[PDB]
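Every protein chain but one is kept in place in this view of the complex.
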Amino acid sequence: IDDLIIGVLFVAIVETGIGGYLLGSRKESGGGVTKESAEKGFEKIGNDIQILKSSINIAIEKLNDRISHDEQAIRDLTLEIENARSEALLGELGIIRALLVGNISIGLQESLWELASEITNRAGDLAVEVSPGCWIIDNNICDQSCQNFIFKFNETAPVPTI
Amino acid sequence: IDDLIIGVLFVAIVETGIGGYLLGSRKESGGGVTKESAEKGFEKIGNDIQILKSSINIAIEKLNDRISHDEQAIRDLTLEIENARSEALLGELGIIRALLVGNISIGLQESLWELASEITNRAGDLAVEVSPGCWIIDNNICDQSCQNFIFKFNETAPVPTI
Amino acid sequence: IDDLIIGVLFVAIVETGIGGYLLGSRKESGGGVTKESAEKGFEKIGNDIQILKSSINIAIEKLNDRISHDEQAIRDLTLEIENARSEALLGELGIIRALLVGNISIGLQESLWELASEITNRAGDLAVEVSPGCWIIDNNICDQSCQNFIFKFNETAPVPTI
Amino acid sequence: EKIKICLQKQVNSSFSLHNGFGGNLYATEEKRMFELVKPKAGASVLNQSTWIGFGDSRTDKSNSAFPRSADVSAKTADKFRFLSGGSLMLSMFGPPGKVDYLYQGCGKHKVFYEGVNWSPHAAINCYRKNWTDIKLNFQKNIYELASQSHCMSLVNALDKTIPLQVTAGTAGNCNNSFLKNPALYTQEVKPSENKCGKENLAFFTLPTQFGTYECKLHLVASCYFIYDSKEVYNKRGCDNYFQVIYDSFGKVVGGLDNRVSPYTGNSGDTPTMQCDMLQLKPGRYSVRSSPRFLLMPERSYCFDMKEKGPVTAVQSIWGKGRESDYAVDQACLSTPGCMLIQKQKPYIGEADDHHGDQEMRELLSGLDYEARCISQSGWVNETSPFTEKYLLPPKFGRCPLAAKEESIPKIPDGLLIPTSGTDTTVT
Amino acid sequence: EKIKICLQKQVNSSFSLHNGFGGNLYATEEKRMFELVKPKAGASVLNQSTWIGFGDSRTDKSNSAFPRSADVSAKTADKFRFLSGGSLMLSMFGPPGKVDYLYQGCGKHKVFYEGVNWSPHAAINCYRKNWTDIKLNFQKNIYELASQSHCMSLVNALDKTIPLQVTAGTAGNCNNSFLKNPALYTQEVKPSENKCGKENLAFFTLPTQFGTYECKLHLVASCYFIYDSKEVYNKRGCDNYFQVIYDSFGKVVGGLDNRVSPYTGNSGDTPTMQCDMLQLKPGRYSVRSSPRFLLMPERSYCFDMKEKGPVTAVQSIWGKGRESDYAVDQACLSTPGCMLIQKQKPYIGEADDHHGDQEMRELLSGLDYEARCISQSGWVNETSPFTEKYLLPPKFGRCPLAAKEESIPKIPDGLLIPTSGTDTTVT
Partner (left out) sequence: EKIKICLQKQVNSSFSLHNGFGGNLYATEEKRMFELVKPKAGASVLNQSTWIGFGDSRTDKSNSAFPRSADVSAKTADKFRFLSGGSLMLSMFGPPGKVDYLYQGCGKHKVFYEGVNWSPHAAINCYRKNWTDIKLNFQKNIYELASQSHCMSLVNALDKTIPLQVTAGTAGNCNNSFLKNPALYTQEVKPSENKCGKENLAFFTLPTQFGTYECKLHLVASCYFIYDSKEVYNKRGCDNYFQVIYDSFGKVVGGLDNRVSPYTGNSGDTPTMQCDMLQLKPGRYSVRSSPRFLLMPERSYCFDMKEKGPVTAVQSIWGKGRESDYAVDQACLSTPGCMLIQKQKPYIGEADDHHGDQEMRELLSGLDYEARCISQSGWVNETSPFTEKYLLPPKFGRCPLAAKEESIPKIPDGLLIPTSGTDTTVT
C-alpha cells in the first residue's frame, strides 16, 4: 500500500480541491506533501487528447448517413419494421460507445507513459524503481533549477554529476 | 527461458497435482523447488472476482427484458421475422461474450499486479529485476519471520536492515 | 526523447531501406549506429504469427454457413428483407474486423515480450532499466561470442564474470 | 544466499477454456447465461388490476355452494360481473322464461365465460329452434367490438314511438308472450273479410350515453319473419311481408321486403325468424313493416370503442347430459384479438355435473397471478428474453423469443485463471 | 536527501464516469452523440436540377404583378411550365371560351399546381355542368402515369379520317361551338320524314413521338351522350344511340352502345355527356357511332413511361368568391407516388383575392433549397441519421430513423481523466 502520494494509474476524488494532472511530492521517510499543477507536461497530453477527439469525430461521421437512398411511392405503413431496425441499431450504438470509451481511455493512458520516458531521459539519475508513475530523486544532487528543467519543462541549468 | 518456476503471466497444466495460485520458490544456482498455497491474497483476487462477477450480473440484467411490449391481436404469422431477429441477437450475444471474457481476464490480471506492488512495498529489499511476477530475496537478510510477513501476510517480525 | 535507436513499441517508416525486425545498436556517448537483422529472434515471432493466423482462419470459418437451410416454395419477393439483413451483417463484419486487428496486434506485441524475457534470462548483465525493448550491455565484459549467443541465438561461448 | 520466488498459476482437474478478445480465461465449472422460459397452460392477465370479467353461475360469488361450484378462485371471481343462469345472449334478446341481467363494466382486458345458458338444451323456440348461427354471429361481434373498446354495457331499454294502429303480440312457441328485444305488434287484418290493414311506421332513438357509459357504437339485432310464399303470407295479410330498418336521413340499413324480394321460407303456414347482427351509431332511426307484423328492436349492447385490448373467451359448455354447441369457439376463432380457452377433458363438476370442473380450475388458476406475457399458447410471469420455441400468433406483453439451449452462451464459474500473452500457456 | 515525486490524477467538482471495455473514463462535462433532425413543413426537392413544374397564373413569370401575385419565388418559378389562367384539364379537353396551351417537360420529380381554372366557378356546361368527377379521374391518371414517367407532353392534334356524310357540330350550352378534344359531327337525319341516316365509321392514329417527346402511353378521354330512353333518342335518330372505340385488330376498347345496352339517362330530351378515362398505346384506331352523333377524340396527354419518380401536387383552389372543388386532393390521395401540399389557413392573396397567398409562400419556400430527403411529413436538408418519430409513408431520399434523445449515446467533453486497472479509483 502506497501513502499520500500515489501513481499515475490512480485517480483520486478531490471534489472541492485541486483536480486534473498534478505533481504530488514528499520526502522519503520525512517531510509532508506538496501538490502543484502539471500544466507543463499537459501540453503533450492536451495535444494527444485533440488527436483522440479527431478519431471520435471521424468515427461519428462514419455513423452518419448509413441508410441508403429511398424512393417509397406506396402509401402503406412500415413502422413495426422501422422499429425492429431501430432496436437493433440502438443496440449496436451501445456496444460501440463502450468500445470507444475503452480505446480512448487506453490511448490517453499511453500518452502519460510518454511523459515518464521523457522525464527519465532528461536526467540519468532520475531512472529508479518506485511505484507506477512515481520516481525518486535526490535534492543533494539536483536543485530547483534542474528539477524545473526535468519535470516542469523550463530548461533551467541541468543536473551535474561531479 | 525460466526453469521450474515461472512468472505470473504464465499458467501451467497440472491436472492431478496442486492447482490454483501458488508460491513457487527455489535457490538461485542451487537447491530444489518449493511450492505452497496462496489461500490469503486469493480472498483479495477472489473478492475482486466477486466485483468482476457483479459486472457480469449487471451486464446480464442489461440483456434481460430488451424486447418491446407487444399487443398482437392479428392471427398472422411472424416466425420468419422472429427467426431473422433471433439469428441477429444470437450473433450479438456471441460478440459480447468474447468481449466480456477478455475484459474480465484483463481486470483479473491487474489484481495480480496489486499483489506485486504491495509485496514490493512490504520490504525495500524485495525490489529487484527478475521475471514478470517473480522476485529475488536473500536468506542471510530476511528469516522466516519477515518472509512470512512479506508474502504470506502473517505480520511476523519485519526485516532488520541494521 | 530517445535518439536514433528507439524501443520495441515504436515502428519507424523506412520506405526505401531495411524493414521488418532489426537490432539497432550504438555506444552510450560514443560509436555510431549499427543496424542488422533480427532473423534469429524472428523464428519465434514468425511462429507466433502462424498461431495468430490459425486463430484468424478459425474465426473466418466460424462466420461461414451461418444462415439456416431454406426451402422457399413461394414466388413472392423478399429483397427488402435480404437488403436489411445484409446491411446489418455488413455492420457486424466491420466491428469484428477492428476487434480482430487489435487482438492480433496485442498478441503479436506480447510475442516480442517473450524475446525480452529470454534475452534477459540468457545473461545477468543484460538486466537493466533503459527504454521499452532496449537494453545496455558492456563490451569489456561481453564480446561478439556471448553477444551472438545472447541476442542472435548462435549459442557461442557464454559470458565469464571472473 | 539469493532465492528466486514466483507467483505461479496452475490449472487442475476439471477446467474449461473460455475464449475472448484481449486474453482468454480458464474456469473449473461453467453454466448458462440465460435459462429458457416456458408458457404455462390456461389463462392469466397482465397488470392483475386492469381487467374485468363477465360471468355465469360458475364465476358467481353469490352461489350457495361457491368453492365447489366454482371453476375459478374467489380472488379471480371478484373481478367478474356474474349472475347464476346468466348469459350475454339471454340479456341481449330477453326470451320469456329465462333470466335477464344488466351486464356492464370497463377494463383493458375483458374475460368472457359466456354461452352455456343458451345452448340447444335451453330449448327456446320463438319461431327459431336452432339458435347456433345467431349465437355465433352475436358472439363474433361482441368479441370484435370488445377487443376495440375500454367500456361496454347492455342496453335493456330505449326510446321508441309506436303507431296506435298496432298493439303488442304473443306466441305459443315463445311461452306466453314474446322476446324483450324484437318487440312484436299487430293490428286486425283479414283478407277473407276484406279488412285490409295499413303499413306501419315506427321510430326509435339509440342513446349516445347510458349513465356513465359512453356509447359510440351499438350492437343491435335486425329481425324479421321468413315466409315460404305469397299464398302463405296471404292467409294473414292482404299485401306482401316486409320489415325494414331506416336511418334518420331516409336510407335503409337492413331487414327484408317481400314486395321487391322473393319469398325464401320452408316452415309452411308458420314462418321462421332470422336476426341479422348490425353495428349502429347513436341517433333517431325509423322502421317500416307490413300490416300484420311489426318487429321493433328494443335492446342492444353499447361500446365506447376507445382502445384495443386483449379478450379471453372460455369454452362455455355443459356438464354431461345437456346438449352443447361450439358457437363460442367458432366466434372467437373467426375474430382477432381474442384468445380461446378450451377443455381437453370432458366437463365433470363437483357441486353437480355442470359446476366445478377440475381441469377448468387448473387452467383458470393463472388469473390470480400477474403475467409478464400472455399468448394463445399460455402465460408466463417469469423473466428471461428466451423460450424453447415460438408462441402462437396473438400474444400480449414482454414476449420471449425462440432459441436452442445449446446456442445460449456459457458463463465461467468456480475457480477462474486469466491467460495473458503468447507466453501464458506452457505444456 | 531522497524525495519521491508522483504524477497524480485527481477528479474534482462536476464529473461523469463513462463505462467501457478495457477501462472506464472520467470526464467533467458530456453531450449527445447525434442531434435529432426535424422534418420542415412545405415543399422542397432533391438534387435541385432534375425537377420540373407545371404552373398557372401564380407561377407565371410574364404576369405583370408577379412578386405580389406569386405563391413562389422567382428562382423557384423558373423551373415551372406556366401560363396565366392555364390548366392541364383546360388544354386536355379544350372547351370553347377558355385558354389553350401546350404543357410539356421532363424530369425525375414533377410538381403540379394544376386545377383551379376548371373548378365549378369556371362554368363549362357542354352537356355536363359538374366537371368534378371527370377532373378527379383525369388528375388521378395524370399523377399515376407521371410518377412512372420521365417525360410528358400534351397532344393537341392527331391524324384522323372522317366520313363525308357527317359535318361539324355546335352546341348552345358550349358557347357558340364545341370542345376541341371530343369533336362533334352529325349528318342530316329526320325520323318523321323517314330521312334516316347511316352509322358512322371514322379512324384516328396515335403517334409514337411528338417532337422530341416519346409516347409510350397516351391518356385519352372516351366520351358519349347518355339518353333517358328509346323514344327520346328516336326524336332525333331512327335507330339507337351508340359511340364505340375499336382497336387496330378490331376489338372494342371503350364507349356506349344502346343497340344492346339499356338507356340510363335522367336529363330528358337533352342528354348528358360522360367521359371515361382510357390509357392507350400508339397505333391506328377506329370509332363507330349512330347517324345523328359522332364524337371523335382529337386530343390526349403523351407519356414516355421511362422511370418511376416523385410527384408533388399542390392544392389548387381559389381565393374568396370563386367556387372550388377538392378533385386535386382526392386524386392524389388515391394514387401512389404523389405528395399532397394543402392549406391550413384560407386563401388570401395580395394581388387580388385569388393570387399571392401568405401561407402558400411559407410552404413553397423550400423549393429554392436542396433537400436530402422529402416526405409527406415535410423536407430536410440537414444531416443526422435520426429524427423524433417516423415520417409519413411516401418519402424519397436519405431517410432519418425514429429515436428518443434520452436513448442517444453521450460523448465526454471538457477535461477527461482515464481509469486504469483495479487499483485506479481510490476512496
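Going by the order they are written in, the chains are A, B, C, D and E; count residues from 1 in each one.
Note that contacts are C-beta pairs under 8 Å (C-beta built on N, C-alpha and C of every residue); 3 or more make two chains touch, one makes a residue touch a chain.
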Query raised in the report: Pick from A:67, A:106 or A:128: which residue touches the chain that isn't shown?
Result: A:106
Query raised in the report: Given the contact definition stated above, which residue among A:87, A:114 or A:138 touches the chain not shown here?
Result: A:114
Report summary line: Residues on subunit A facing the left-out chain by the touch rule are 48, 51, 99, 102-103, 106-107, 110-111, 113-114, 117
Query - Contact set of subunit C toward the excluded chain (per top definition) - result: 5-28, 30-31, 35, 38, 41, 49, 56, 60, 63-79, 82-83, 85-86, 89-90, 93-94, 97-106, 108-109, 112, 115-116, 130-131, 133-140, 151
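As a convention for this text, only the chains that are shown with their structure count from here on.
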Query raised in the report: For the interface formed by A-E, which of the candidate pairs B-E, C-D or B-D is equivalent, sharing more than half of the contact pairs by residue number?
Result: B-D
Requested in this report: List the centre-to-centre spacing of subunit B and subunit D in whole Å, with centres computed as mean CA coordinates.
Outcome: 60
Query raised in the report: Which whole number of Å gives the spacing of the CA centres of subunit D and subunit E?
Result: 47
Report task. Can you check how far apart subunit A and subunit C are, centre to centre, with Cα atoms defining each centre and the answer in Å? Result -> 25
Report summary line: Multi-chain contacts in subunit A, i.e. residues touching at least two other chains, fall at 67-68, 83, 85, 88, 95, 129, 131
Query raised in the report: What residues in subunit E touch two or more of the other chains?
Result: 21-22, 420-421, 423
